[PDB]
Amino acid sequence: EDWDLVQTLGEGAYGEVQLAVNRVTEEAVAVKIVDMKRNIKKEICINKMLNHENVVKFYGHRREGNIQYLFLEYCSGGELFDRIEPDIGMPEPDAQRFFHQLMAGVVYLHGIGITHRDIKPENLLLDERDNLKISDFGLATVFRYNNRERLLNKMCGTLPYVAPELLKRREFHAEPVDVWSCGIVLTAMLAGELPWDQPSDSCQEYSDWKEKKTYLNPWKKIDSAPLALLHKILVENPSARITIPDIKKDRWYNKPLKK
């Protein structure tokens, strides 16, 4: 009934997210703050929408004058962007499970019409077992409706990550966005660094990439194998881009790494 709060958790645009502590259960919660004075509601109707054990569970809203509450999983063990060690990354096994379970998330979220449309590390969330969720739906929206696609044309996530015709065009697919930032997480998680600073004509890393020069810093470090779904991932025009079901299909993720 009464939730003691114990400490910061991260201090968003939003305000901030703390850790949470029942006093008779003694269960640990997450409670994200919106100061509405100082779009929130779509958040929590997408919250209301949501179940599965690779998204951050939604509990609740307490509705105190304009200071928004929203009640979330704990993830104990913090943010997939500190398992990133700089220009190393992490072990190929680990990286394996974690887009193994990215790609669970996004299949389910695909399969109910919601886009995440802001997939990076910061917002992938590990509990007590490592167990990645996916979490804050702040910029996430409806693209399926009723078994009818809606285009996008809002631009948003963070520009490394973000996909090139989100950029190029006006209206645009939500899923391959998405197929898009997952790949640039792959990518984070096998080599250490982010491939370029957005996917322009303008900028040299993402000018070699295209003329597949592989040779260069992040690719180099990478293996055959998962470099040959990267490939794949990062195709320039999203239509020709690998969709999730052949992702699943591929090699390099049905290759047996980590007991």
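Positions refer to the first chain, counted from 1. Basically, rigid core = biggest C-alpha set you can superpose within 1.5 Å across the two forms. First, how it differs from the form deposited in another entry.
Superposed on the core, the two forms barely differ at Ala240: its CA moves less than 2 Å between the two forms. Superposed on the core, the two forms barely differ at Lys249: its CA moves less than 2 Å between the two forms.
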Contents of the next structure:
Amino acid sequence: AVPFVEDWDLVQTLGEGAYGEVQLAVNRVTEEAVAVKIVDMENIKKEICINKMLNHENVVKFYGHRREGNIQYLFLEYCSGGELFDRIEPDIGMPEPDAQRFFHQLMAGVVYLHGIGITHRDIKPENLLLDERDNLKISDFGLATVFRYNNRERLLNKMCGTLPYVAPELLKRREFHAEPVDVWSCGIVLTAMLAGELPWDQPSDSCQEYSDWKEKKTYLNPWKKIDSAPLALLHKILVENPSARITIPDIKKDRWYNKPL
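Since we've got the form deposited in one PDB entry here, give me the form deposited in another entry too.
Lone chain follows.
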């Protein structure tokens, strides 16, 4: 918007994606900050619709949108704590208590989304932002979709996620349940938080690092950097068969999950 840019300074780019970028906008008079996602016409049509459904403390707030020619402008909560990735020291991760707290907040967000029949489909640290009190905020619903209509689930079939975070059934099954896919990527996020590295390029047979995990070689990186209490949870999350994979209600029963640190 031309009138918007007259009163709001587009200060800097917060991030760049495939079909555009997110910018920090600051009102010159009030100094209010908002994030402006600019998309040259990710599924932007469904993104807006899904964003309109969301209302939760661990999801990036959606203020509104408008079209200006062929460009779509989405107005989002500015998360001034930045990205989760920037709390992860490469090859080291972060303190276990910090990882635990973020993971609880991630579960809170995912439980909310799943409760209203929405799957994010691209959970990774780049899409987990932080507010000014370091509260985790799930971000970017460009790949999200509805997997439950009222109380009626449907299987999904789309392989749109970032490969290191994708569940193995996406490489093996034509159709699959939404919830265990998101649970899997949450486990990859937890691994990154605790070890500062991703375990594999992809969870395929042909990927050696995935084979090593399947064969319980937890004396190798990244696993050897992870305490056995949180590793025990990862053992239940990063289960190949999505039908045998831990569900979020059972994650809430895990010893490490509930361990005071």
